[PDB]
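Put together the whole structure using the sequences plus the hints.
Protein chains: 2
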Amino acid sequence: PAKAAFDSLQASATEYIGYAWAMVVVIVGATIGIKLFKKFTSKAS
Amino acid sequence: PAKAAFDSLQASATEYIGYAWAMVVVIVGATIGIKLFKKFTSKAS
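Chain order of the listed sequences is A and A'. A prime marks a further copy of an entry chain.
Residue numbering for the first sequence follows the authors' numbering, beginning at 6 and increasing consecutively.
Residue numbering for the second sequence follows the authors' numbering, beginning at 6 and increasing consecutively.
Everything labelled a hint here was simulated from the structure, so no lab data went into it.
It is possible that part of the hints are untrue.
Same chains, same label: a pair holds when it works inside one copy or across any pair of copies.
[What the hints assert, rightly or not] Within a straight-line C-alpha distance of at most 20 angstroms, the following computed SDA-like cross-link-like pairs (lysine to any residue) qualify:
| id | residue 1 | residue 2 |
| --- | --- | --- |
| 1 | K40 | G23 |
| 2 | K48 | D12 |
| 3 | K8 | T46 |
| 4 | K43 | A27 |
| 5 | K40 | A7 |
| 6 | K44 | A7 |
| 7 | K48 | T36 |
| 8 | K48 | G23 |
| 9 | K40 | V29 |
| 10 | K48 | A18 |
| 11 | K43 | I22 |
| 12 | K8 | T19 |
| 13 | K43 | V31 |
| 14 | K44 | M28 |
| 15 | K43 | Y24 |
| 16 | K8 | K43 |
| 17 | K8 | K40 |
| 18 | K8 | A25 |
This is how it looks when you write it as structure tokens:
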């Protein structure tokens, strides 16, 4: 029982890591994009 | 008669001790296993 329990728990943890990574990638890309747009547009002009 | 009676009684008691020990070993192993699984899985996560 411990075998299956721990294996399923690890698999679920890995999937959750995957979804979390996708979401943080999206969020971080958006925030760095807005910051870079602000900085470049402000300084270059 | 007392010789045989007491010897048979002691032998039967010893066998009963054996079966009882086997059963308690199984039960205690199971309960400690479930408790340890709960504790480790809860804390480690």
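query: Between the shortest in-copy and the shortest cross-copy C-alpha distance, which are at most 20 angstroms for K8 and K43: within, between, both, or neither?
result: between (52 angstroms within a copy, 14 angstroms between copies)
query: Should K48 paired with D12 be assigned to within, between, both, or neither, using CA atoms and 20 angstroms as the limit?
result: The answer is between: 17 angstroms across copies meets 20 angstroms, while 53 angstroms in one copy does not.
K8 and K40: within-copy, between-copy, both or neither at 20 angstroms Cα: between (47 angstroms within a copy, 16 angstroms between copies)
field: Within, between, both or neither, where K48 and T36 count as close if Cα-Cα is 20 angstroms or less
entry: Within. Shortest intra-copy distance 18 angstroms satisfies the 20 angstroms Cα cut-off; inter-copy 34 angstroms does not.
Identical-chain pair category, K8 with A25, by Cα at 20 angstroms: neither (26 angstroms within a copy, 29 angstroms between copies)
field: Alpha-carbon proximity between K44 and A7, which holds within one copy, between copies, both or neither at 20 angstroms
entry: The answer is between: 13 angstroms across copies meets 20 angstroms, while 54 angstroms in one copy does not.
field: Within, between, both or neither, where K8 and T19 count as close if Cα-Cα is 20 angstroms or less
entry: Close inside one copy (17 angstroms), not across copies (37 angstroms); limit 20 angstroms.
Homomeric proximity label, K43 with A27: Cα distance no greater than 20 angstroms: neither (25 angstroms within a copy, 31 angstroms between copies)
- request: With 20 angstroms as the alpha-carbon cut-off, assign the pair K8 and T46 to within, between, both or neither.
  value: between (56 angstroms within a copy, 12 angstroms between copies)
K48 and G23: within-copy, between-copy, both or neither at 20 angstroms Cα: neither (37 angstroms within a copy, 22 angstroms between copies)
query: Given a CA cutoff of 20 angstroms, do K44 and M28 count as a within-copy pair, a between-copy pair, both, or neither?
result: neither (24 angstroms within a copy, 31 angstroms between copies)
field: Up to 20 angstroms CA-CA - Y24 versus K43, copy category
entry: neither (29 angstroms within a copy, 26 angstroms between copies)
Hint check: violations occur at hints 1, 4, 8, 11, 14, 15, 18; the rest are consistent with the structure.
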